[PDB]
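Next up: just one chain, as structure tokens, the form deposited in one PDB entry.
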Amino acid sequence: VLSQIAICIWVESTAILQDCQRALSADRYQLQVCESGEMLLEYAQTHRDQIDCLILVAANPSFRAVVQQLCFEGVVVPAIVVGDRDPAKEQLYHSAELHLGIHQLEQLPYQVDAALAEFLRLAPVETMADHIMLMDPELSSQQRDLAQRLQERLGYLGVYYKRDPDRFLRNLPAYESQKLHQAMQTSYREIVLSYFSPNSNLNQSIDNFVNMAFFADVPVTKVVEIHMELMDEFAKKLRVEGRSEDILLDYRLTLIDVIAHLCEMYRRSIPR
């Protein structure tokens, strides 16, 4: 039920090629091996509508110059850059490229998924050779045409619960925003106070908090900040009683627990 994926690999090392072939051995992957920069440039130009993902080894001879020509000839497709010469510290081709170490190639089926999805997320992507300042390029929206073509093969329609955007924490008036924040703090306090207590109603308290976090579409950083606010409050409570302020670091478990619950709710929300 999945589309075949056309992979074009520019590789000049036997060991790397073997790792790639092994990882992408399934019938789903159709591999084109390009064994020189010239071959790649020629193949890419003649097959620009037949490449779903490029895999490029950064250590290849004249890598930069080849990537520049790729950009110059308007070939912008989902990509993984393998290793480093030119694991890579910076972006070399476009803003959606993935970086993978030469010893991590067994991951390729998952990372190819990631490179495709990231390209679809960001299209039209920013080229590294082309753009150097802040925000074909007009007609390089052949990118949006590629993305549409890919999304018809690699995307599916599903039903999601319609959360009310007007009730998202970031869209509320600062007053109702303050009110929700305070309610989330009260709920979080209840989790903390109950966390290491036996037979407390901890799961219910976590669910309650997480329902607010999910339905108000709060970012994870906001949960961390609520946690940090309560640790502040608790650190003061402990210091005005004699108790040590090191029991507080056990509540990192609480924070882990809460974010994990939020994560699962998102994970559970994906249709099929």
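Residue numbers count along the first chain shown, from 1. For the two forms, the rigid core is made up of the largest set of C-alpha atoms that agree within 1.5 Å on superposition. First, how it differs from the form deposited in another entry.
Core superposition between these two forms leaves every listed residue (64, 237, 28, 47) with a C-alpha shift below 2 angstroms except 237.
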Second form
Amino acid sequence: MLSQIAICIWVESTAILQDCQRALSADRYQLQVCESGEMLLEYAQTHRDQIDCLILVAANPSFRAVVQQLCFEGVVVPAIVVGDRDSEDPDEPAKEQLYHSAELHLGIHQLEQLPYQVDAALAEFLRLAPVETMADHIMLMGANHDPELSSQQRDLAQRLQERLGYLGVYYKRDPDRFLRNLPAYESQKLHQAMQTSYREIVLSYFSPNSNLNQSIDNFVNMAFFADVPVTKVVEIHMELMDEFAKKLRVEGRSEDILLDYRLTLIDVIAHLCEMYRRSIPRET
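May I ask for the structure of the form deposited in another entry now, the form deposited in one PDB entry having been displayed?
Nothing else is written out below except the one chain.
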């Protein structure tokens, strides 16, 4: 059921490779090692269609040059940059990205998580395809801004999507009832409905034997099916905290209980997080 991911590792150190081979000890991962920059650049051309994921150690000599050249040949694949070795003279960081935007950055002792990080590196690529490189997607051919008009990244994205992805069934929420799609009036009545609901949660949050959890569910339900981002929930919390803040200055004590109301935010977001986690099916 699981497709084989082909890994191309560029490493100079003995200790770094030794961890990568150890982590990806499963026979699912095709490991191809290149112990020099020139070996990578040459393997890049001969096996450009045989690379699923890259692991580029920054501590490797002439790093940016190998990366700059790599984007020229059209080689744009999922990557995992390891460790920190910023060049001192290119004078064009940036550092928003070394290779491409959907690249992953790891530590030299965070390699026993590689199987999960390889998954992340592949999934991120599929979601942001086509991505932008600090070597080709800005210059030169041909303003603007890539030599892949038929989307060479999508020809790869489709190829990875069918092997590393499956097909499941989700509950189709009404997109016309999402917060960002609702009419302006409808949008802020729901927003007020969520503000009211949240206040109800907060006011009875430290009230035991209450409908607190039933109040949370009914808020999270509105939050989940209107596809509101977690930021809005965080924003709703603030608008009430501001209200309570001013309320406490006069006719009340200090604003210390607001710090106790951080539990309320953790509580609600946790519910919402689980509901999204529960809404993921299997292949069948």
